[PDB]
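First, one chain by itself: the form deposited in one PDB entry, in structure tokens.
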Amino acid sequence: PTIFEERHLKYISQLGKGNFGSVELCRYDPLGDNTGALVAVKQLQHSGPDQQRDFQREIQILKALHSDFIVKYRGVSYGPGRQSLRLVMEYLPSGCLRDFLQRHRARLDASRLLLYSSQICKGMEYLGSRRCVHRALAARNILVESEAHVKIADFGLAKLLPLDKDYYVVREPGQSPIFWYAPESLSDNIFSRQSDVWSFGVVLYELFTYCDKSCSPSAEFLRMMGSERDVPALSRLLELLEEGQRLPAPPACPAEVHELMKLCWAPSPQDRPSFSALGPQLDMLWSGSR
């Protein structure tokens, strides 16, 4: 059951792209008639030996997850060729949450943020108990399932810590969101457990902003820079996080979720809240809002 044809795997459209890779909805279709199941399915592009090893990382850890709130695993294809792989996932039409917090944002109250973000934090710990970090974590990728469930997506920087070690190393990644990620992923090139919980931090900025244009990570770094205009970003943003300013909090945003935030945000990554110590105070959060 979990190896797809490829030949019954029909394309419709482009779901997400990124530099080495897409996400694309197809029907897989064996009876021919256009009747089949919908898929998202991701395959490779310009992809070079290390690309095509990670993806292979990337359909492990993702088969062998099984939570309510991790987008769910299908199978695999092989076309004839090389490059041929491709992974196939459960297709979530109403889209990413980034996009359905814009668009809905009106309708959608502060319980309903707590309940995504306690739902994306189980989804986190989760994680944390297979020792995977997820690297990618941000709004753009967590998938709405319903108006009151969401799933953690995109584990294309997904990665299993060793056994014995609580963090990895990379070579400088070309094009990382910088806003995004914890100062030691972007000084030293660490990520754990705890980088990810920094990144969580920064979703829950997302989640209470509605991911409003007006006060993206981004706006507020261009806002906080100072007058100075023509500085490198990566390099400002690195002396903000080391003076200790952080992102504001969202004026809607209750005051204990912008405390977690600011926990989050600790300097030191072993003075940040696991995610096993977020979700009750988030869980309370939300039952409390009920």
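Rigid core: the largest C-alpha set superposing within 1.5 Å between the two forms. Residue numbers count along the first chain shown, from 1. First, how it differs from the form deposited in another entry.
- In a rigid core superposition between these two forms, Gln83 is the single residue of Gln83, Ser129, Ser94, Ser187 whose Cα is displaced by 2 Å or more.
- Taking 2 Å as the criterion, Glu243 does not count as shifted between these two forms: its C-alpha moves by less than this amount when the rigid core is aligned.
- In the core-superposed comparison between these two forms, the C-alpha atom of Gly32 has shifted by at least 2 angstroms.
Right, the form deposited in one PDB entry is done, so what does the form deposited in another entry look like?
Chain only, nothing else included.
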């Protein structure tokens, strides 16, 4: 089913919200008897020309990816007046990894966190082979399919690299989650697969702190930023990073995983390991742990 008849998408609730977009939980119920499959459905509201263009791109990217570790595209449906599309995807009832880690902390061991690390890395390896920069990778937009299975979601900011170039540049984002971004992204608006590796090291930090709010990247920054408190965060963060300061090793985090983090956060993009180099190292550590 490539086209989902709007009439059969039964609205249930909202799942989540960005500025320009929402995701809704719907049942696709073509028998009309409320027995059909749940789906997540994304649509724009309150968006300009660039946001609409960016959404058709989002759709095309997700539709082309077939990975166990990337949230699955199902189809499209029509929005109001059949003047717009909605992006129909599989529904993962366990929600985002960030919140799952906080709720289930007590029973998720290092081996399970290594499994999630390995799965995310594999997904990113898959993206990388399709010249896709995710950009937004964070625990808050990774989804839990089952207790032993996660998937990368939220392709709102994803972009394909041209055949002939290994990065792109944007106009200064008005607002971005600065504590996940590589320094070249913060300072020169450069994004690449290697800037995704930086963000992945911050994902490893998220995983091995169980996304505890007390040692969040923001909380660590405020601890680290120093005595001068009226200094703009982004300005101060870039200085800290330039000086070689990095998020600290979580108390419980295996030393080898911390070492991977530090490699991910190499100052020079070309000095960071690729996802294909990270994957076997994480796989080895996960294997070790079960």
